[PDB]
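Generate the whole structure from the sequences, applying the supplied hints.
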Amino acid sequence: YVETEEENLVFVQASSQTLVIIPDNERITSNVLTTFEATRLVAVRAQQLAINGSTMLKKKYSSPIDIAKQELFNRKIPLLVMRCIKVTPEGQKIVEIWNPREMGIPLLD
Amino acid sequence: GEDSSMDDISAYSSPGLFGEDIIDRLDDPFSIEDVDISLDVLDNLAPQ
Amino acid sequence: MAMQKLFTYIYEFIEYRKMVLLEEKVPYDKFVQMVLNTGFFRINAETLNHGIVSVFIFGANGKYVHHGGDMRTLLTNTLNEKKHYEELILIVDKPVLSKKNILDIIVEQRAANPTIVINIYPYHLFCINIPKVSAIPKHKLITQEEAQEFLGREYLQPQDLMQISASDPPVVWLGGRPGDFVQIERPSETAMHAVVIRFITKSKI
Amino acid sequence: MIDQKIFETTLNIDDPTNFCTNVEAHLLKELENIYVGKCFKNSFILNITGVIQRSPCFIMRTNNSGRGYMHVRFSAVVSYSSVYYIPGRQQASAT
Amino acid sequence: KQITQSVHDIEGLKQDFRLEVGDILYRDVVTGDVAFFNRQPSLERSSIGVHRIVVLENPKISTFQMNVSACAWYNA
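Chains as they are written, first to last, in my numbering: chain A, 1 to 109; chain B, 110 to 157; chain C, 158 to 362; chain D, 363 to 457; chain E, 458 to 533.
Incorrect hints may have been included.
Calculated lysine to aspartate or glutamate pairs in the EDC-like style (CA-CA distance at most 16 Å, straight line) [unchecked claim]:
id, chain 1, residue 1, chain 2, residue 2
1, A, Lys69, A, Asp109
2, C, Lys257, C, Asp227
3, C, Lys175, C, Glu243
4, A, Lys86, C, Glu238
5, E, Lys517, E, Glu501
6, C, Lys361, C, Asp261
7, A, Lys86, C, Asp261
8, A, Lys76, A, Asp109
9, A, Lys93, C, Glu311
Label pairs and their in silico Cβ distance ranges [claimed, not checked]:
id, chain 1, residue 1, chain 2, residue 2, range
10, E, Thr520, A, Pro89, 16 to 24 Å
11, A, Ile85, B, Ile131, 51 to 59 Å
12, C, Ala268, B, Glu142, 49 to 57 Å
13, B, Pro156, E, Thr520, 17 to 25 Å
14, E, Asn495, A, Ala43, 18 to 26 Å
15, A, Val20, E, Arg509, 39 to 47 Å
16, A, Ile85, B, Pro156, 45 to 53 Å
17, D, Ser437, A, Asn25, 29 to 37 Å
18, C, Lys182, A, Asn25, 52 to 60 Å
No lab work stands behind these hints: they were computed from the structure.
Idealized CB from N, CA, C, for every residue including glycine.
Structure follows, in structure tokens:
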């Protein structure tokens, strides 16, 4: 083995960050769940039902994937979506916290 | 000059091509090296 | 040839720069014979800030494109003129950009006088009305507060933007500097033109 | 000598739905299971006190366990060869 | 079994005979389950798709059966 050589050119604890939350009137991300976010919410709730089992659905369902999907559809998902693109060198995390019971739901069908 | 003991044993293998001295380290243009496909499923690559 | 087109389009470039000419425009024959005569040609312009910007057009086989000491003397005495001297411009033949000695003199002079900006460009940057070329979108510089509010809306640091070299033709025609932001109206086949903002990085030499 | 020390820690929640019902009391319960009676970060933690700051119950990304972690900043009273608070132990020793 | 935190083979689970909340049961695939379906080389985004399982109870069959119109996803 010879590396065919073009040989191209070019406190271990990070400071803690304070979670700053953008006020609801300054949130610029879309108020509709992306299919990724909806899928993640359904999966997280379905696994949580798989491990806990409690539910808030008035209709009996035999499978956690169905209970979680219907919880998402009926707008009673007990999970917030934290959308975060910022970390300042100042040690501060800027996130938008979205309640999926207020966001629109994608197709998923 | 008549001794055969200390001969280069690699000399008995008569060269079979031209540029057996010509050396360039390049990828074989038929080599399936950057495609990640298993040995048994190489039959998928078979044309028809 | 490069010289006549250069002669017309350099005054076009000064016109785009929104700068008033100080020296009167000589005819083409006088300019071309002086280029061989004096080895260069000096054009002076004043900005809206009322500072002097100078331009040097060098012949391919001129005096100051061949060696170093002559080049050094020329710039040293020119920057000793009692002018505001906000920018100074060199125009040299394309291989001349690869004569590392001349760039060494220009670098060391820039070090000697840092309060003003010195730039060296080839001919092709001024051999056409670059902003009017079809393949070149409409570059424009945005002010610092407008770029700052754009970045604050996007939560972006200035270095996170796409970078544009200060040696780009349209940025030079704009007069953009490093640390300035340029807004570009680029045609698009997916959204029928779109706008981007780029960060100007130090010119390549 | 006993003293007040501020600690940083990220918990692990095995059932976030149950836990988040009574977040503060559940957090103190988890902390007194975890840190009371053990040496940790040059300190012994005799007694647990109020939490200065906490974090939303994030769901773990890199695993499919559906569990949450939460970050906690709590003050606790500690009993601070100089001294060897070997972590994970219920007694110090500087013999 | 969560109480034992160990896995068990049902050949010896005759006496337990029941499950409980918090138990994990590994059950055979049935019609209606979702399965990932892939063909190397995986060049396109559609090279890996999720199909619904249709279990063919005939033991003589060992192939993967899929509609001809589905080949365009996998270039198969």
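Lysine 257 of chain C paired with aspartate 227 of chain C [C-alpha distance capped at 16 Å]: Answer holds: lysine 257 of chain C to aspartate 227 of chain C is near 15 Å, not above 16 Å.
Status of the given 39 to 47 Å range, CB of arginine 509 of chain E versus CB of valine 20 of chain A: holds (45 Å)
Straight-line alpha-carbon gap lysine 86 of chain A to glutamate 238 of chain C, limit 16 Å: violated (50 Å)
Distance restraint evaluation - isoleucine 85 of chain A, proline 156 of chain B, Cβ atoms, bounds 45 to 53 Å: 47 Å Cβ-Cβ, so the 45 to 53 Å window holds.
Cβ separation of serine 437 of chain D and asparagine 25 of chain A, checked against the hinted range 29 to 37 Å: Given about 35 Å between the Cβ atoms, the range holds.
Agreement of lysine 76 of chain A and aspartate 109 of chain A with the hint, judged by alpha carbon distance not exceeding 16 Å: Violated, because 19 Å separates the two Cα atoms, which is more than 16 Å.
49 to 57 Å as the expected CB spacing between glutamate 142 of chain B and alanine 268 of chain C, which holds or is violated: Check passed, 51 Å falls within 49 to 57 Å.
Cβ distance range 51 to 59 Å for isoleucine 85 of chain A and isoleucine 131 of chain B, holds or violated: holds (54 Å)
Straight-line alpha-carbon gap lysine 86 of chain A to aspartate 261 of chain C, limit 16 Å: violated (42 Å)
Outcome for the supplied range 16 to 24 Å, where the beta carbon pair is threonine 520 of chain E and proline 89 of chain A: violated (58 Å)
Satisfaction of hint between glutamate 501 of chain E and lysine 517 of chain E, Cα-Cα up to 16 Å: violated (33 Å)
16 Å Cα cutoff - pair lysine 69 of chain A, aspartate 109 of chain A: Satisfied, since the Cα-Cα distance of roughly 11 Å is no more than 16 Å.
When held up to the earlier numbered hints, the structure conflicts with 4, 5, 7, 8, 10 and fits the remainder.
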